[PDB]
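Now for the letters of each chain:
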Amino acid sequence: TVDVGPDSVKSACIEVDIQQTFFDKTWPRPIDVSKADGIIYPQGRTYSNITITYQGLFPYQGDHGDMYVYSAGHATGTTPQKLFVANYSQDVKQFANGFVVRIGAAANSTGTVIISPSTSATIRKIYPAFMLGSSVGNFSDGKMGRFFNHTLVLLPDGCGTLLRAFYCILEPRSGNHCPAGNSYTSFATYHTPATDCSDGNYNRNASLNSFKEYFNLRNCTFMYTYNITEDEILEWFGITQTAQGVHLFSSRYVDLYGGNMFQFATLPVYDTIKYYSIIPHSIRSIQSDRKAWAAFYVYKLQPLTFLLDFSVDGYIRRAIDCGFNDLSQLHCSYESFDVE
Amino acid sequence: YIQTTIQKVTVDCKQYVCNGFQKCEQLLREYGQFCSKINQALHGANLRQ
Amino acid sequence: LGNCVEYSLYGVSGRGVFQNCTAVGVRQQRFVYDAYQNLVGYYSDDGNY
Numbered sequence: 018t019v020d021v022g023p024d025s026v027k028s029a030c031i032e033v034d035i036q037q038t039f040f041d042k043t044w045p046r047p048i049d050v051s052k053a054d055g056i057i058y059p060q061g062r063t064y065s066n067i068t069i070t071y072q073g074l075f076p077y078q079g080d081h082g083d084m085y086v087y088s089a090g091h092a093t094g095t096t097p098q099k100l101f102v103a104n105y106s107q108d109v110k111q112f113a114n115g116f117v118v119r120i121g122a123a124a125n126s127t128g129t130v131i132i133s134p135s136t137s138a139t140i141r142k143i144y145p146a147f148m149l150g151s152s153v154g155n156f157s158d159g160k161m162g163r164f165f166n167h168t169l170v171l172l173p174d175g176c177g178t179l180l181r182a183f184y185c186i187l188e189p190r191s192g193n194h195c196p197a198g199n200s201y202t203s204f205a206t207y208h209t210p211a212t213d214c215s216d217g218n219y220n221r222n223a224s225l226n227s228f229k230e231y232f233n234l235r236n237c238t239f240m241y242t243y244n245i246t247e248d249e250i251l252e253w254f255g256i257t258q259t260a261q262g263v264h265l266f267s268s269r270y271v272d273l274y275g276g277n278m279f280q281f282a283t284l285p286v287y288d289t290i291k292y293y294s295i296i297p298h299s300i301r302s303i304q305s306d307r308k309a310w311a312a313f314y315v316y317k318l319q320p321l322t323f324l325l326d327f328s329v330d331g332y333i334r335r336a337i338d339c340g341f342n343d344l345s346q347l348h349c350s351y352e353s354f355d356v357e
Numbered sequence: 794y795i796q797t798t799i800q801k802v803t804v805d806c807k808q809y810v811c812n813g814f815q816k817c818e819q820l821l822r823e824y825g826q827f828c829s830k831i832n833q834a835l836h837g838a839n840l841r842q
Numbered sequence: 600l601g602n603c604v605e606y607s608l609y610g611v612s613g614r615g616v617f618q619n620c621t622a623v624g625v626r627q628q629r630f631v632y633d634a635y636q637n638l639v640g641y642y643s644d645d646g647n648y
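Protein chains in written order, with the entry's author numbering: chain I, 18 to 357; chain J, 794 to 842; chain G, 600 to 648.
Okay, chain I solo, but in the shape it has when bound:
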């Protein structure tokens, strides 16, 4: 067991307003394998200026994945009222191979806020939060989405400057608007950009404290932290699991203007992850000061065979999914990008 800090001093955790209708939209960003989208680089080696077939864990060509949006909270003038979240916490999915996430795709563009449909704004990259586990059941009122004995958790903090991963067994707290308490809707994290998002010092525990208000981290295990440099560039994040633990991938430390994902961490999680879920996150900003947070897309991974093209610098700039259609099968059979 490892020390993570003090528990929450507040008893009444904040209220969250679930309205799935505001978040139910369409923004198609299918996997385009012709520009090597969501490709995890072969994690033993590298090549130069060739084209080869390779068996690994890739997503389906043309897959649409699942979209998720994060929204600001309710605020009257200069006072955030409550949190605006979707029902993601109730939506438990299967892990079964891992997945990849496309973060910041719709950046440097003009979109709209979620809680204010008639409000144009420039979109800002935001980072997702995941909670993965080995056993899932119901909450206090039979609400789906409770995670048992050990739950790996990945959550960004400090206005998207760092990422933290930990076991930290979850213990639902009993109080107002809280999981184990009365009048429970959904747990969620939050950060107030008025105070926490200070240029001099970004509070690196704001989201951790928000999470602490709903759960009591007990018998906690490894609590790492990885530093992220701010920008508005599209990036990729992958996660798989083997006998060596849980592998974490990203394209920030090696390929930043590309997207090829390289391993950057390994976790001592040796229990078989069978379920995962997104963690909702609302921004307690001022009603007159709200931004648009780019949606992120999650695509599953499968044991497929791909035709990858490595360039001179060793990066995969294009690939072909051998099992997509008949032309793809022809391309892979000759293992070339030009078929007579």
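These aren't lab readings, by the way, just hints derived from the structure by calculation.
Beta carbons: idealized from backbone N, C-alpha and C, even for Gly.
Keep in mind that a hint or two might mislead.
Said to hold, decoys possible - With the Cβ distance kept under 7 Å, some of the chain I side facing chain G (calculated, not the full set):
1. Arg-62
2. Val-271
3. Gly-331
Following the hints, complete the assembly by docking chains J and G onto the known chain I.
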């Protein structure tokens, strides 16, 4: 009688070896480019014919 | 450089001749292979390819 051709035959290597069963497909997938060589040889023979 | 030597680099062992050349591939994956799984490059700790 002077023969000039033979019958042109192509086989579907994947379906001949496994005939639809998904379990056999994964087992054959790690055999790599055998079926591809068979298909390319047959295609070349038919083109020459 | 120029002599046939035995090598053991980070658990990859064999026998060959090393030489100085312009870097290819990606640096973080020090071992550079070719199409047929033969090591053809190495990113040394000294900062050379």
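Results of checking the hints against the structure:
1. Annotation: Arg-62/I was flagged as interfacial toward chain G, and the flag holds, the nearest CB pair being 5 Å apart, inside 7 Å.
2. With 7 Å as the threshold, the beta carbon of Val-271/I comes within range of chain G, its nearest partner Cβ sitting at about 5 Å, so the hint holds.
3. Look at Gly-331/I: its Cβ gets to within about 4 Å of chain G, closer than 7 Å, so that hint holds up.
Checked against the numbered hints given earlier, the structure satisfies every one of them.
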